[PDB]
Each structure stands twice: as C-alpha cells, then as structure tokens.
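There are 4 protein chains.
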Amino acid sequence: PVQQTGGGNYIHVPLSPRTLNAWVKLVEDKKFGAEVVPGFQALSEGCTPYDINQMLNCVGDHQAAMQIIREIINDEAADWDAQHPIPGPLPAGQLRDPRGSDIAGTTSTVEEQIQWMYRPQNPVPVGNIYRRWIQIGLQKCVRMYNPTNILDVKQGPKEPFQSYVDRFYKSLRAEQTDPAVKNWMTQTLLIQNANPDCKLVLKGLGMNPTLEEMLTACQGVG
Amino acid sequence: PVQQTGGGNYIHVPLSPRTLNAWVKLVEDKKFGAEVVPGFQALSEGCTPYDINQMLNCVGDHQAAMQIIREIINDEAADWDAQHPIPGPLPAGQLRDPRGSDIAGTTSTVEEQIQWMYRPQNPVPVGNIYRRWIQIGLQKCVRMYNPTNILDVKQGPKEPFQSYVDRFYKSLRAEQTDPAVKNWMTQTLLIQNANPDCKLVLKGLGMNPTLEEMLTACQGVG
Amino acid sequence: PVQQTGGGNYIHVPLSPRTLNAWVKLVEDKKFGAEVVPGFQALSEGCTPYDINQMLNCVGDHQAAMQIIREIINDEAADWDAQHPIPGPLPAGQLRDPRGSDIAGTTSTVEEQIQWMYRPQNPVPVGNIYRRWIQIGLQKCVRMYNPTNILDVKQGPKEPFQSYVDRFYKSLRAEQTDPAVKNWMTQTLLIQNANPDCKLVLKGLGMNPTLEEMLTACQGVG
Amino acid sequence: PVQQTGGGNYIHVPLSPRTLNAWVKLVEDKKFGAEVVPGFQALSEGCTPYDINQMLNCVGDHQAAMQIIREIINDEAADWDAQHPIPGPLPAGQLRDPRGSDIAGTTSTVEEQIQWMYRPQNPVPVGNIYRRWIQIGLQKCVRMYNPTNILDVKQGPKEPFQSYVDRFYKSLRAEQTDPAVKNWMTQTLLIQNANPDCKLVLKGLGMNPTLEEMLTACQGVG
Ligand SMILES: O=P(O)(O)O[C@H]1[C@H](OP(=O)(O)O)[C@@H](OP(=O)(O)O)[C@H](OP(=O)(O)O)[C@@H](OP(=O)(O)O)[C@H]1OP(=O)(O)O
Ligand SMILES: O=P(O)(O)O[C@H]1[C@H](OP(=O)(O)O)[C@@H](OP(=O)(O)O)[C@H](OP(=O)(O)O)[C@@H](OP(=O)(O)O)[C@H]1OP(=O)(O)O
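Protein chains in written order, with the authors' numbering: chain A, 1 to 222; chain B, 1 to 222; chain C, 1 to 222; chain D, 1 to 222.
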C-alpha cells in the first residue's frame with residue numbers, strides 16, 4: 001500500500017502478513033467460489049500492482065485457476081498496449097507512461113507504479129486497473145468451478161422459498177450470461193423451478209411479481 | 001475514517017482492507033440476516049459517507065438487497081432535501097450546506113463530508129445520518145429474507161423452553177410490526193406457541209409473567 | 001386487391017370468396033396458433049386495408065382474440081397520428097394524407113387507400129402497414145393461447161431428438177422474450193431438457209454445438 | 001410470374017395469395033420433410049427470383065432452416081460471381097449482366113430479372129437458377145430434420161414387405177450419400193433389414209433381384 005510522507009512524496013508500506021494470510025485462507029476454503037471475487041477486492045483495496053502480484057504468489061499452488069487469471073491479464077494488457085500506445089519518444093529525466101505490463105507490475109518497480117498512481121498531472125490508477133483485470137480472471141474461475149447450474153437449482157418439496165431463492169441467486173452470480181437472460185431467469189425460471197405449492201401462490205400474485213412480493217407471499221408455504 | 005492532525009485540521013484515513021473484508025464475510029455468511037444490521041453499524045463506526053459507499057460497493061453482487069438499500073437511501077435523502085432546504089444563495093468562499101445526496105457522498109468529496117462532520121459552527125454528522133438510512137435499508141432486507149415468521153415458531157415437544165425463546169425473539173427482531181404488537185406477541189403468542197407442559201407451567205405462573213420468571217419456571221421442563 | 005387498367009389508373013378487385021374461406025378455416029382449426037400469423041400474411045398479400053377488415057370480419061366470432069388485435073391496431077395508429085402528424089392545411093382538390101385510422105380503412109374509402117398505395121409522388125403502403133399492425137395483434141394472440149411453455153417442453157425418454165427439437169422451436173416461436181434470451185434457450189435450455197442419453201452425446205459434442213451438429217449426433221439415440 | 005403483353009414485352013403478375021398460402025401450409029405440416037423439396041419446385045414454377053424471396057419470407061419464422069437455405073444461396077452466388085465474372089465495362093443504355101446476387105433478386109428489380117429471363121439474345125434463366133440453389137438448401141434441411149436413418153429402418157415382424165420398402169426408400173431420399181452407396185443400400189441393406197421370413201424368400205430369388213421381383217415375391221409373406 002502507499003502512505004504519504006513529509007515533502008508531498010509517497011512511499012510503499014508492505015501488505016500486512018495477516019492481510020495476505022486472510023487472502024490465502026479464503027482461496028483455500030471457498031475454492032474460487034463467487035465470494036472470492038469480492039473477498040479479493042476488499043483485501044486488495046489501495047494496493048499497488050506489486051502487492052497484488054504477492055497475493056497471487058501466495059495462492060500460486062492453485063495452478064489451473066492461476067493459469068486462467070494469467071491468460072486474462074495478458075489480454076487486458078495487450079488491449080491497453082493497443083488503445084493506450086506509447087505516445088512517442090519519451091523525454092529524458094521523465095518516467096515512461098505505463099504499458100499493460102507496467103499496470104501488472106511485472107516490468108515495473110513499485111515506485112514507478114506509485115509515481116503514476118499519484119502523478120500530479122495525468123495520474124494512472126495502475127493498482128485498480130490490474131485489480132479489475134484479476135476480477136475478470138477470478139470471475140471466469142468462479143464460473144468454471146461453479147458446482148450447480150442456475151437451471152438445475154429446483155426448490156425442495158419442504159425447502160423454504162427463501163433458501164431456494166438463496167441457492168437460485170448464488171448460481172446466477174456465477175452465470176456470465178447477458179443481463180437480459182439474467183432478468184428473464186429471475187422473473188420466469190425462479191417461478192418455473194419452485195415446489196408445486198409455492199408455484200401456485202406465485203402465479204396467484206399475478207404478472208411480474210417483485211422478489212420482495214414473492215418472498216412475502218411464500219413465507220411459511222410448505 | 002478521520003484522524004485529526006497538527007493545526008486543528010482533519011484528514012481521511014482509508015477504511016482498513018480487513019475492516020472491509022470482515023463486512024464482506026458477514027454479508028456472504030449471514031445472508032442479510034438480523035445480525036448484519038448491527039454488524040454493519042460496528043464496522044461503519046466513525047466512517048465518512050465515502051467509506052460507507054465502498055463497504056456497499058464491496059457487497060454490490062447481492063443486487064436485490066442493494067436495490068432495496070438504494071431505494072431507501074433516495075427517499076431518506078428526498079426527505080432531507082425537503083425539510084433541510086437550501087438556506088438560500090450561499091456566500092462565495094464557503095462550503096455549500098449538505099443535501100440528501102451530499103449526506104450519501106455521491107455528489108460530494110470526502111473532504112466536504114469531513115468539513116461538515118467537524119464544522120466549528122453547525123457540524124452536520126453526514127456519516128451517521130447515512131448509516132441510519134442504510135440501517136433502514138438493511139432492516140427491510142432482514143425482513144424480506146427472514147426464513148421463519150414469528151407466528152410459525154412453535155416449541156418442539158422436547159425443545160428446552162430457552163431455545164424456543166431464542167428462536168421466538170430472533171424472528172421478532174425481523175418483525176417491523178408496531179411496538180404494541182411486539183409487546184403482545186412476547187406476552188401472549190410466546191405462551192400460546194409452547195409445548196403442552198411448558199404451557200401449563202406458564203399459565204401456572206399467573207398473569208403477566210416476566211421473561212426471567214418464565215425461563216426460570218420452565219428450566220428442565222420436558 | 002388492386003389491378004391496373006388502361007389510362008394508368010388502378011381499380012379494386014374484391015378478395016376471392018375462397019381466399020376469404022381459407023382464412024376462416026385456418027383461424028377455426030389452428031385456433032390462433034403460431035401458423036396463423038404467416039397464414040394471415042400470405043392470404044393478405046397485395047390487399048388494401050378495406051380487404052383486411054373483411055378477413056377480420058369473417059373471423060369476428062373469436063371475440064377475445066379480435067379485442068386483442070383491435071387494441072394493438074388503435075395503438076399502432078395513435079403512434080402513426082403522433083409521428084406522422086397532419087402536415088398542415090391540405091390544399092383543395094387534393095386527397096388528405098393518411099392517418100392511423102385511414103391506414104386501417106375505418107375512416108377511409110378503398111379508392112383513397114389505392115390512391116395512397118399508388119401515389120405517383122409519396123406512395124404510402126397503407127395495406128402493408130395495417131397487415132404489420134394485425135401481425136403484432138395475432139402474435140400476441142399466439143402467445144396468449146400457446147398451450148406449452150418453452151421451459152415445460154422436455155424430450156420423452158424414447159422421443160427422437162428431432163421431434164423434441166420440433167416441439168422446442170414451436171414454443172419458442174410463441175415466446176416474445178428478448179432475442180438474446182431466445183439464443184440462450186436454443187443453446188442451453190435445449191441441451192438441459194433432453195432425455196438422459198441425448199444429454200450425454202450433446203455434452204460430448206463440446207461447447208456451442210450448432211443445431212445441425214446436435215441433430216446429426218442424436219439421430220437414432222434412444 | 002410473367003405474362004406476355006402486346007408489343008412483344010413482358011410484365012410481372014404477383015404470385016396468387018393461395019399459391020403462397022399452400023407453400024406456408026406445406027412447410028408448417030411437413031416440417032421441411034423430403035416432400036417439401038418437390039412441393040417448393042411445383043409452387044415456384046415460372047417464378048421470378050423476386051417471387052421466390054416472398055415464398056421464403058412467408059416461411060421465415062423457421063429461422064434455423066432459413067439460415068441453412070441462406071448460407072447455401074450465398075455460396076451458389078459466389079460460385080456464379082467467380083465462373084460468370086463481370087464481362088468488362090458494360091456499355092451505357094444496356095442492362096448489366098446478372099451476378100449471383102441478381103439471380104437471387106436481392107440486388108435486382110423484378111423487371112431486370114424479367115429482361116434477363118426473356119433476353120432476345122443470351123437469356124439468363126435467373127428464376128430457375130435460384131430455385132435450384134434453394135432446392136440444395138431445402139435438401140440439406142430435409143437431411144438435418146430426417147427423423148429415421150436408412151440403417152435404423154428394419155421391417156416389423158408383421159409389417160408387409162411393401163410398407164417396409166416405403167419407409168426404406170423415404171429415408172434414402174433424405175440420404176445425401178454417393179449414388180453407388182444408394183445402389184448398394186437398395187440391393188444389400190434392404191434384404192439385410194427385412195423380417196426373418198421375407199429375408200429367406202429374397203435370398204431364395206437369387207442374386208440381384210429387382211425391386212418389382214422382391215415386392216411380387218414377398219406380397220402376403222407374414
Ligand atoms: O472477530 P474477532 O473476535 O476479532 O476474530 C478475528 C476475526 O476472525 P473471526 O471473526 O472469523 O473469528 C478476524 O477476521 P475479521 O472478521 O475481523 O475480518 C481474523 O482476522 P483475519 O482477517 O486475518 O481473518 C482474526 O483471525 P487471526 O488472528 O488468525 O488473523 C480473528 O482474531 P482472533 O482469532 O485472534 O480472535
Ligand atoms: O391440392 P388440391 O388437390 O388442389 O386441393 C385443394 C387444396 O386443398 P388441400 O390440398 O388441403 O386438399 C387447396 O388448398 P391449397 O393447398 O391449394 O392451397 C384448397 O383451396 P383453399 O386454399 O381454399 O384451401 C382446395 O379446397 P377448396 O376447393 O375447398 O377451396 C382444394 O381443392 P379440392 O378440395 O376441390 O380438391
């Protein structure tokens with residue numbers, strides 16, 4: 001992370017060992033589950049690219065997922081090296097502008113990452129861009145390791161409607177389908193895959209029942 | 001959060017990553033359960049509106065609940081923009097007074113939030129007002145996702161009276177009913193929905209038995 | 001319909017009784033089924049609005065569907081009376097420009113409909129605009145009377161994969177859902193709702209199998 | 001279609017609505033079955049490319065099959081734009097020669113299609129070339145939707161030999177296999193997949209029995 005010091009300059013404070021150990025624990029227990037994507041973001045907040053590399057280096061043993069996060073990073077960096085091209089011959093005595101690889105931290109020092117992150121002129125938020133690239137990689141890992149598909153989720157005959165709602169929305173988090181497909185699933189598939197009685201109360205509510213109206217109506221049905 | 005520095009001025013210290021990661025964990029495990037409302041308050045204590053937005057941004061994937069917390073915030077801000085109207089033409093060189101949107105932090109910088117929070121003259125506690133608005137939103141989410149209704153809760157034939165009391169009061173926390181309805185439930189419904197024997201001992205106690213007297217009397221009955 | 005005669009002018013030839021009787025038969029046998037929408041278009045080709053009214057008048061007894069086709073026509077005419085407003089004071093000795101009601105034929109003679117349909121200057125195709133409005137009305141009737149929902153369709157244990165494909169696509173024709181939802185259903189729901197064996201061969205094909213590849217692979221499976 | 005008028009010139013008479021409605025019915029009932037290919041040819045006889053487009057536009061809802069007929073048309077037009085290249089700079093006051101797209105009618109007026117179809121010099125039969133391209137597309141649709149494969153067809157123990165012959169030849173119509181494979185199937189597979197008794201009478205006939213000899217011999221066997 002970065003702390004400001006007297007003179008208006010900034011320095012690097014290494015991520016706490018227990019901040020790194022929390023990340024490890026999460027990846028070892030949730031197995032790249034939907035929750036890992038937000039868990040990574042909260043534990044990587046205010047981090048330079050250098051620190052994000054260490055967090056990944058602490059969870060490298062999960063090689064399959066790391067290979068997926070690594071192929072997504074290279075592509076989001078290539079797109080940065082195509083749409084943010086070298087401006088031209090950089091003047092001497094000046095830091096080069098960041099390339100996709102600098103945003104990652106692989107070809108750049110943490111100080112360079114800090115100089116960009118806090119440029120008085122055109123600050124480049126290299127830490128947040130790289131966290132966004134890794135979140136695309138982790139979300140692809142959440143989908144690949146997702147244990148139950150949205151379609152398979154079906155309310156148990158006795159299962160309370162809210163727990164069936166809880167499992168239905170958790171699988172939808174993994175789904176990478178178009179947002180309209182997500183809206184049609186929450187409005188059509190969720191009434192389609194409910195136990196016989198809850199299905200009669202939901203159809204009873206009428207057309208386009210909101211989730212609050214559906215949860216309120218099926219509370220204690222079954 | 002806010003730390004005071006030499007000169008009598010205040011600065012902003014970003015919420016710790018592990019303070020943010022605790023919030024995520026809670027929302028991912030308690031599923032907007034009654035406990036989330038107090039858990040949010042303890043982890044948002046001494047926060048500017050800016051920080052409260054980040055905590056919410058770390059739990060955005062729970063879109064249904066976030067939509068409910070977001071509709072409650074807009075209404076508590078509209079009521080602030082009606083009962084705390086722009087005083088009139090603000091003098092130049094002065095910070096504008098906060099509007100419902102400034103209390104949220106959406107249309108305002110953290111420094112402005114800090115200047116109000118610590119105004120030498122008429123300090124506006126924007127952080128606490130916004131936490132109160134979100135607590136109304138989370139409490140509506142606790143009620144919507146509540147799995148068991150107060151009425152359905154019924155003591156098991158062998159269930160110890162205290163565990164039946166524990167489940168009865170946990171559902172009452174979710175209930176948004178008038179306080180008198182809450183007092184009549186704790187004094188009438190709790191004796192009505194007890195296993196046959198405990199019901200005879202409670203009626204034996206007499207009229208208006210206190211909870212302590214009821215727990216003491218039914219200890220070891222069944 | 002319209003025939004051209006010597007002098008460069010056009011006249012009206014009444015729709016054949018057996019062209020009208022075919023329409024009746026279809027509506028009496030397919031019961032506003034998906035097939036009725038194309039059947040109407042083929043039997044209403046080259047028709048003035050006047051003729052389209054008679055076809056509808058021959059199937060008026062189906063009052064519920066006619067009320068739906070009539071509410072859709074009034075709205076598509078109101079939108080025409082808002083986006084194609086009276087240009088201004090029409091000069092004397094000239095036919096007024098068509099309004100939503102003229103496109104229908106209700107407030108206009110067939111000759112006026114023909115004069116517009118074949119205007120040397122800015123011909124307005126009133127017959128085709130009204131056929132399009134009625135097709136929106138019939139398609140809403142196809143959806144309302146659709147007997148099986150896309151989701152319910154599930155391949156029989158012995159049913160050949162192609163017949164299950166035939167029923168799956170016929171229900172999709174009735175579906176008015178967004179096109180992406182239609183693409184996700186044909187690529188995901190169609191493999192999800194197949195009998196156990198065909199489901200194993202389809203997953204065997206790999207990711208994004210085309211319909212031809214799926215029909216070829218499951219031919220004779222079961 | 002095209003009618004000749006006084007002066008030696010030709011004009012276009014729009015395909016009858018009931019000629020178009022027959023086509024619709026067939027495609028809606030035979031589901032792109034082998035019979036659709038001949039049914040299309042008889043109902044498209046003496047048609048300009050313009051009319052053939054309308055027939056297809058009346059059966060567009062069958063999107064999967066239409067996509068197959070559309071990919072076959074583009075390829076048969078590309079082959080026409082490669083083997084029948086623009087002759088060179090066309091003289092002014094003259095109709096351009098037809099390209100694959102003109103044969104389809106997509107980039108050409110019906111009058112141009114008629115001028116070519118009835119050129120006094122080098123008439124190009126654009127209507128028949130496009131019908132041939134669509135027949136390749138429909139035949140691919142017959143094969144894709146074919147419900148029973150030639151190999152699977154096996155005479156029922158009681159099924160009369162002629163009905164088994166009827167099903168065997170109907171599946172062979174769908175088969176796109178080399179003609180020799182078609183001759184070997186009709187001479188070997190048809191005796192191989194007959195019920196035990198008919199198989200003994202057919203082997204009894206001797207080597208290379210004609211279909212007439214086989215039908216005559218197995219009449220009333222079983
Ligand atoms: O809530 P606490 O009583 O303070 O316990 C905390 C809590 O762990 P648990 O709540 O799951 O028991 C911390 O996690 P937070 O909820 O505060 O975010 C965790 O710190 P981590 O972020 O690293 O997980 C820390 O565990 P540890 O000390 O192993 O780092 C642990 O403190 P104690 O276990 O010492 O009570
Ligand atoms: O194919 P055909 O031998 O000419 O029979 C036709 C055919 O009806 P069917 O094919 O269903 O038996 C006509 O329909 P098309 O397929 O030609 O479009 C139909 O005319 P409609 O369009 O009005 O249905 C007409 O029936 P009808 O004479 O009652 O009008 C009928 O002719 P026949 O029944 O006299 O043989």
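Treat the hints with care, since some could be wrong.
One copy or two, either will do: identical chains are not told apart, so a pair holds if it fits within one copy or between any two.
[Stated by the list, open to error] Computed cross-link-like contacts, EDC-like style, restricted to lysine to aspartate or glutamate with a CA-CA straight-line distance of at most 20 Å: (1) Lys-140 to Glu-213; (2) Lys-25 to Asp-166; (3) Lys-154 to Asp-75; (4) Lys-140 to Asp-61; (5) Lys-182 to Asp-152.
Because the hints were derived from the structure by calculation, they are not lab data.
Results for each hint:
1. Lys-140 to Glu-213: Classified as between: cross-chain Cα gap 13 Å, same-chain 33 Å, threshold 20 Å.
2. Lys-25 to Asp-166: between (24 Å within a copy, 16 Å between copies)
3. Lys-154 to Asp-75: neither (37 Å within a copy, 36 Å between copies)
4. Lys-140 to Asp-61: both (18 Å within a copy, 15 Å between copies)
5. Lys-182 to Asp-152: both (15 Å within a copy, 19 Å between copies)
Of the hints listed earlier, the one the structure fails to meet is number 3.
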